[PDB]
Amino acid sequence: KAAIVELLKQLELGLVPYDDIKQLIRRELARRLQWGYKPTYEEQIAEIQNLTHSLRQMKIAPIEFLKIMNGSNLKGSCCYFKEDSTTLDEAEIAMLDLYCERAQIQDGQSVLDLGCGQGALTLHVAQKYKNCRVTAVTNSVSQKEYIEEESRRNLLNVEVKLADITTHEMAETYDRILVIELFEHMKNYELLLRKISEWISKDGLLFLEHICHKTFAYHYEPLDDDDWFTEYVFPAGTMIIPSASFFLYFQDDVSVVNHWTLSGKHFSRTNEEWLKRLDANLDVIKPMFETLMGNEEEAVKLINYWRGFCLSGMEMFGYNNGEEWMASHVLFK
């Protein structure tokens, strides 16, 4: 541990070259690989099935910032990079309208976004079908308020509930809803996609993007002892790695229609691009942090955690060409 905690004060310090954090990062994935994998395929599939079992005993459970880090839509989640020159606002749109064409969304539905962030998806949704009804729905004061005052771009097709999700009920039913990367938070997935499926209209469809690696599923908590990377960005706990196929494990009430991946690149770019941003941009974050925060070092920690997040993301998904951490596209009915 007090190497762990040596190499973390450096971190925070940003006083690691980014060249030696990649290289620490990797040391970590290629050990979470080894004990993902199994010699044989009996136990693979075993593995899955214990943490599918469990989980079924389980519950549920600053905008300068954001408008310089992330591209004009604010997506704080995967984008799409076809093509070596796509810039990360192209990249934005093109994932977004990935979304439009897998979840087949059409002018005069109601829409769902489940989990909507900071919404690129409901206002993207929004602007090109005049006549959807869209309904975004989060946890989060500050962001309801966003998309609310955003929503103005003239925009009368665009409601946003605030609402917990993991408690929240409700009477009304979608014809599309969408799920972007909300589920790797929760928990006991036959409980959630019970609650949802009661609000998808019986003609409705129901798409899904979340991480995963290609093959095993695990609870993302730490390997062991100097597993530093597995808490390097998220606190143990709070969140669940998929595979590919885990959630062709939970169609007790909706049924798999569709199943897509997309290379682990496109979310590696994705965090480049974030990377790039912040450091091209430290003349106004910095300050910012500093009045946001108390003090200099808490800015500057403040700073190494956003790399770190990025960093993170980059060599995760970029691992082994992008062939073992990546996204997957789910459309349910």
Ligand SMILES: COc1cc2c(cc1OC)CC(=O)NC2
Second form
Number of protein chains: 2
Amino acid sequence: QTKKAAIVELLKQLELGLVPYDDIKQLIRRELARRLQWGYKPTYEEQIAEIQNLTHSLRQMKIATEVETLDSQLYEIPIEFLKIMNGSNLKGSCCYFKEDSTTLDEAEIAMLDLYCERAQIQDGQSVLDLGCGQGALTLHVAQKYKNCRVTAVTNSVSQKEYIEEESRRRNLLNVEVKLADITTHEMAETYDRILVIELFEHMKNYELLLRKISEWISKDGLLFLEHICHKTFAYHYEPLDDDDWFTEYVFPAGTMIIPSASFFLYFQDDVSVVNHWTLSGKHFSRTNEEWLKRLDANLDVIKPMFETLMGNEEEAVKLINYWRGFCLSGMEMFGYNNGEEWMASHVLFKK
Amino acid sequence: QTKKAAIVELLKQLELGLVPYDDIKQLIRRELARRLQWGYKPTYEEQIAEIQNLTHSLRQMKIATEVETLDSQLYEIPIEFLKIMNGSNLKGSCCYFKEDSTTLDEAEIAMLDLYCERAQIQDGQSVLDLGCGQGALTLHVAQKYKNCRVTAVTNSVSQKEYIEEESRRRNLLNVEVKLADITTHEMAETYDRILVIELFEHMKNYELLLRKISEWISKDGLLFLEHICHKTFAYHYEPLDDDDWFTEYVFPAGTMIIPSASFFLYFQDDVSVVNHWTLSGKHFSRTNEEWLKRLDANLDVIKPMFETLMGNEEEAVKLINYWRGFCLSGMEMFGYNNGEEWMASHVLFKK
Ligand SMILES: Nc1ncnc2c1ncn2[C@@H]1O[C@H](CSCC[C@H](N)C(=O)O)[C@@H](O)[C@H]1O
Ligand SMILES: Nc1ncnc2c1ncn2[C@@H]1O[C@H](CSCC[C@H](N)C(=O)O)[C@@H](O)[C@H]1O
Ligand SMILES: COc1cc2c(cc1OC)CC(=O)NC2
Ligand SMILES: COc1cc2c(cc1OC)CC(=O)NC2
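Now show the form solved in complex with the ligand, given that the preceding structure was the form solved without the ligand.
Entire complex below, previous chain first.
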């Protein structure tokens, strides 16, 4: 009764930044632990059954609902704010920290290099970057492979822009950006290597999506895929119950899906898995931590920025405290259990 | 829908010189890449079948179409403009760059020397130069082959000009020039060596043309031909689709043909191939590059020249940017993939 009110009192305290970081982390692990209790099953038969029920149900849905409440709540973020929170490459995804001494910028370059290595991109190929974001991978591949023909795809208007100027500003011609919704977009072109970095989490019907992406692959071409995940169970990001405030704490309802590490192994109707890697949840946990440090370290420039974009300081506070919850959610979630619960997954496909 | 209108806007920007060189080359490579995908075939059978479709279709057309409307939009250029863009010999065709420090003038001489070598021109012979242009080849062969008797043929009153005066301005006997349309011209004289440098690209029925040219060959005489090409497929210079702006960007519609390197091996009804060479596309690429440099470097003299030729500044701007797009298309097309796609071909025929 009143602990639903207690829940709607916690969220207000978080919106007003009244709750210390440690207390936030503590409350998060509680909901994380409750998630694991909900996810894990007593027998392995039930565990595999749960993965089957989810894979079968998604094949009845559309490629994606959520599609234009999409990135108005998210991804349509002003570029001037991302250059403060993110690294030099503006990578809005997981970064790779090999040593404790690894900076955010170094971590960004690490993942990008590992992408080219596991996707096996060579100097004379045509590359496709679905959900390119701010073009962290596009600009990186374009410069490192002068004879490549990278093509970035986005449904975001300001994401399509920053790439097109920063590509020309960096002396790059290989770069090409298209404005389209991958859910309903069709193209008669074909590429040697298709790169998808944390895009499927937003989709639903993976059979239809992979069927569409498969047709864009050149023969002897390869499809590389990264997606954050749990190592065992998968599930829609819908609240566990009355007390679950953490699920919809950052991402809007019905916009997220957390696959198991073996999830896309059950979607090989048009593609065939060649190689499969996982990656410690620490890498993303540290990534959000470095993002969090840059927010607090630059509140002097971020605050007036949010005041200008908003209309009042009140909602300028709710916004800065949202991006804190964003970083904090990523920190404690992927760093949970020594980063051996929620983590990243790399899959390499062929035609 | 809006992609058709997006193209006409681009063409207008190019006319008014509002698009930087790098975005132009980038947009060209995209179309170039699109033509390669359209040209290359998955099976060699279909690749050979395409060559046969074009070779057979040409044997029904007339020798040439759009004959004097090709003489109007092009090849009737004021001589004082060519002196600035072209080299010393005014060679309106591919030049030969042996090493990186080769000048334009050196390149013009390099090709001309290579012509006499592969044509095996010797002092006491009668030479015919079909499509002489500004007589870069005629004057060259005429000078230090004093006992030769060069004869230039042109349908351009402007080209029949410069040669004659600049032939006795250098004190030359051999040079003799004719004004006629090769498409319809008959002649009862016969030569020891006929030289055709990039003329067949404007023609259609090669069987009828080579049948006529062969009649002008003295027995034990030779026919040397140079033609730009692609190493594999051939095609009319017509738009791929409505999104293909590059095809009719430089040359007027229906006035161009891009032969295969092996194309004129299929037209040996009256002539017989003796030798066959190709030549890297980097040669003509650098050639158009040197031409482009000479344009921008002499805009202080070129502009007032175009203002005088035209009637207003608006059309003067359109014209200079045309020759810019002329050289830009030449650079990227022949320089594409290290010049191993579109290139030049040399063929030596006997009767
Ligand atoms: N329905 C949709 N259609 C096209 N792009 C979408 C999409 N839904 C999400 N995206 C894009 O996919 C990206 C996922 S976030 C990943 C960004 C980028 N790949 C990086 O690593 O930095 C977002 O930038 C968003 O713009
Ligand atoms: N139908 C036609 N009849 C006679 N000459 C033609 C012709 N169509 C094109 N030409 C000539 O062929 C030339 C092709 S451009 C090549 C010019 C010269 N051979 C050089 O290498 O520099 C043009 O100068 C043009 O005047
Ligand atoms: C809140 O941490 C997350 C960050 C990101 C994703 C998921 C996150 O939490 C599960 C996936 C994504 O599309 N972008 C980055
Ligand atoms: C635009 O580059 C070209 C230049 C020339 C030709 C073709 C070109 O492009 C294919 C052939 C010709 O008759 N004259 C020169």
